[PDB]
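Just the one chain here, laid out as structure tokens, in the form solved without the ligand.
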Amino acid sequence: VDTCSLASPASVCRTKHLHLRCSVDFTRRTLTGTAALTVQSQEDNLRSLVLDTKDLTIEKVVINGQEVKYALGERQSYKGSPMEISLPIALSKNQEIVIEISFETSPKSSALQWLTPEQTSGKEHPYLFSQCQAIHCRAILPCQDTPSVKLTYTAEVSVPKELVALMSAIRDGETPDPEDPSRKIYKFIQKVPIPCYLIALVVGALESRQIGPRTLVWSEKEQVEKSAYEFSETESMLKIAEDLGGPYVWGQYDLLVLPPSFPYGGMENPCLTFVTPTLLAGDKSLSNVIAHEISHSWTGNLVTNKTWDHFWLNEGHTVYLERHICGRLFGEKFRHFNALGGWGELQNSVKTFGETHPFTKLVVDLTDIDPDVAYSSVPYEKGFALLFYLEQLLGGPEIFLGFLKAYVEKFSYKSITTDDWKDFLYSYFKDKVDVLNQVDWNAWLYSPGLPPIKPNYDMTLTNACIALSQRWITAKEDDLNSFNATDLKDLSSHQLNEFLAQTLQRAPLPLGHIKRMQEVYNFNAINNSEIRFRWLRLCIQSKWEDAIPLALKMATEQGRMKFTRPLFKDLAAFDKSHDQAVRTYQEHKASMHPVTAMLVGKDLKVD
């Protein structure tokens, strides 16, 4: 049972297909049209069904050419309102019918951000983008909003003719709109069954550039050249991912670089991965995000978590594959460096929540919990740590990668639970069941806090980061003179970031130390978003008033939640910037992404 959904479950009925015909109205900030759901009964004598909705206006529901009765239940907070539909004729098991729902979204749809022209790069045209994961698809259209159900889809999207629509699907042509010659209709087809959280739409002044045999990059004109360079490794990553996972079944792998308010680093929308423009470091150093979203084309989009309680299945396996891709590209020592880094991030998350908090469990219970509030590095890094620990237990990376590929083949096009995964693990490693029985399954899967065992990590690339961080932490005033730009000589951007992560873990440092760090390393000059983020956090937590405007600027000029939330939170905790932090939020709130606005508000204890 999916406790995040109010819809009929898959054991009652199953959506097979969605045909979406809609029009994007920028003047009203609404999407209007029809969602035609092909639904298969899973029960004898089925006379009604229930769908998820959130802030949707329902005009009518049509079956067999006639309007039918429906009722909207009372709103249940972030879950929205259940929509019960009375079928005109009782259905037998496996019978399929088509239900056409006429609907309109609210301008406040939590799935959508509507951008004015001034919020874009080009400054002439408006822009719209969606983000459905986890449970926001219901805020665009009525559906069984649960990843336990998979469906194909086709869509026709009417937009002002100067603009371009793209979706998580294969592009299927464009025409003038016969009802309004100021508009164009873009058509789309997704022929691989997907969970509805993978439905995506963007509308804006988009151009494209080819960067590989199956990849275009899309953005506004002013970002195209930079993005084409930044993500030039994409095809080589796809080839490695195919070796690890089996065939790529989705046809195209395009990339869309969003405006700065995109709340995530990446989102694995099928055929069209969405990325933050904060990846545009100029040197490809943040390309692990591409490798990660590529990997979801197997772990997530083919084998899918059955409910959000089992989210770690999606993210843990994907981080595991991500790090393997990067390991092939740049070496096994680099894979170990990033694995160790991720353990550090797990340390941070556990410290933040508290070692007994329910959100530090690998498998969670999301009953009455908004997924956006529970979201953290835990499913990512506790999940990766489990897989990395099992890798080392069961005989190494090539043995465990054999399992991963067999796992993907086994559960392709299905939605599964932790027990399904574990059962298959035991089946596959039939001859190592005694080794498997040494794992403390109850602790790993269901207990809060750090995992019961830390895996073994090569320290080669990490040693210099730790060494330099320790020099700074143990330095006294009379030691500050010895630090010099040459300290950074042999460190990669990845190592500089890790040096800062190590140091941030022991923050605050004395203000004089941080002032010296800027004097000799000039971190204010670095544009790499990950580095700048940790440096600004270090400054604010160490009470450097000079860093206040810098932190405010970064918190607001982009909206990746990873950066925006902790920067606002740090700014709120520093007495000198507290009032500015709350004021800046209040002034920006209306033009923020709805999810980001909500979470920053909660973080700051405002509204």
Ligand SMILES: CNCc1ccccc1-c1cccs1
The other form holds:
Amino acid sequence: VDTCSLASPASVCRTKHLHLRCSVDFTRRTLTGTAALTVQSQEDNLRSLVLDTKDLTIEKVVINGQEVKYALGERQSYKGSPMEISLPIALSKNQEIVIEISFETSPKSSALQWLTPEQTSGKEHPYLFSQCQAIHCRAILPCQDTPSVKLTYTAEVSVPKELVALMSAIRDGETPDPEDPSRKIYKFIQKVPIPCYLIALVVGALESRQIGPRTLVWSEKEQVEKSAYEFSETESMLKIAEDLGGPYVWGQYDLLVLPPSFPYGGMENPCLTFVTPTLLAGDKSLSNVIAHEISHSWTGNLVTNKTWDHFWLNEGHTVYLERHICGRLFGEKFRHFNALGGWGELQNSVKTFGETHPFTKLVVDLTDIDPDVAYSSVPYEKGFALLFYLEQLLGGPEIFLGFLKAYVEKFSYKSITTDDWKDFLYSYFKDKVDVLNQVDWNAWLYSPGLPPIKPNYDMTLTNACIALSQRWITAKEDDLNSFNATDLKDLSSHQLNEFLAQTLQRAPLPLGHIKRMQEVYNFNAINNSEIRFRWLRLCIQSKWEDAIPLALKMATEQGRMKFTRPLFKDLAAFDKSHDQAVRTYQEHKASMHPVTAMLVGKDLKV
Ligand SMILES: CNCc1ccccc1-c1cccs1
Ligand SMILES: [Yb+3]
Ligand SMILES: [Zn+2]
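Right, the form solved without the ligand is done, so what does the form solved in complex with the ligand look like?
After this comes the whole thing, all chains and molecules, with the earlier chain placed first.
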């Protein structure tokens, strides 16, 4: 059972389909309309059922053309309020009915960010985008807000006619709204059963450019050209992913580049991946994020975690495929380089949380924990470390990739637990059970802290990064002169980033050393968001005041939680920038993404 959901479980009733008919009201910041849920009873004599909601206003519930009784329970914090519907006629097992709910969202919907014209690129039009993962779909429409349930959907979305609506679905046409000529209705169809966290909507002044046989890139006009270039590897990555994962079942693979406050690097909404514009480095260097979102088309979207306790299933497998795609494009040494970088990120997380902290277990117990609060690198990197370790244990990448493909096949269109995965791992590798029985399962899966075993990593591309980082760490004042721009000559941007990641692990460095780095390496001039992020962190943590306005600017001009949260925390912990950091948050708070605002607020204790 799903402790993040207040809805009737899948063992009671299942949503098969949603027809969503809504209007986007920019003047009121509400979505208004009907969610028609096709529900199948799993039980004899079913007379009521419960849906998740959050900050919704229910007008009425209609079954068989008549209003029926419903009640909203008290709010349960971030879970929202359960909505019990009285069925007018007891259902037998497998009977299906359509339940039509008239609802309206609140402006404060935790699933939505509403932007003014000024917060966009064009400055002329407002913009709406959704983000449902993990449990924010309830803040858009009444539903069984649990990934243990999969449904197809259709939608009709009325928006101001000058704007464009897109969803996580195939575009099924547009017409003028008959009820309001200032408006357009966009239509959408999603034929593949999906968990409701994959429902996605954007409305804004969007244009598109084709970048591959099955990929358009969407954004405001100011970002189209740059986006078409940055993500031009998309088709190549899709083919590799299809080779590894099996058929891509989703029809199109489009990309939407969001405004800068989108809270994640990307979101694998089916048919329409959402990405942060912080990927726009000019050189495709951040394309692993595309590979990652592509990989979710199998791991996460076909095979889905049954509850959020098993999020690692979604994320570790996706990181694993992600790194294989990048390894195929750029080589097995690169794959190892990234794998090892990932382990460093896990070291960071476990250090931050504390080695005994519950959120450092692979499988977590989210009972009374907001998934947004528990979210971190752990399920990604500990999940990946487990798979990379098993890969090495079980006979190498070719062999474990055979398992991954069989695993996807086996659990397509299904929702699964860690036990489901482990059972199938044993089934698939039954000739290797003795080897599998050497794994310390309880530790890997259920214990806090770093994994009990570290995989083996090729060091070829890492060595130079460590060597340089060690030079800076061990340098005394009389050694600073010897540093020079040519130190970086043979380092790729990835290596620059790992160099900085290495150094950041030992921060603070002395202020003089950091001043010299800028003098010789000019890191202030690098716009690569990953590098600039780590660089600014190293500056603020080494107490360099000049870096304060640079850190405040990055923290607020984009809102990728990966970058925004630790910049604010760093600024808050630096006594010289502490008050300004708090002040800056308070000023931007109302205009921030509601999830990002809530978490930064917690981080800052304001
Ligand atoms: C005022 N009528 C438009 C409307 C109101 C409430 C909910 C939905 C709608 C839609 C019309 C067309 C697509 S949604
Ligand atoms: Yb010396
Ligand atoms: Zn992911």
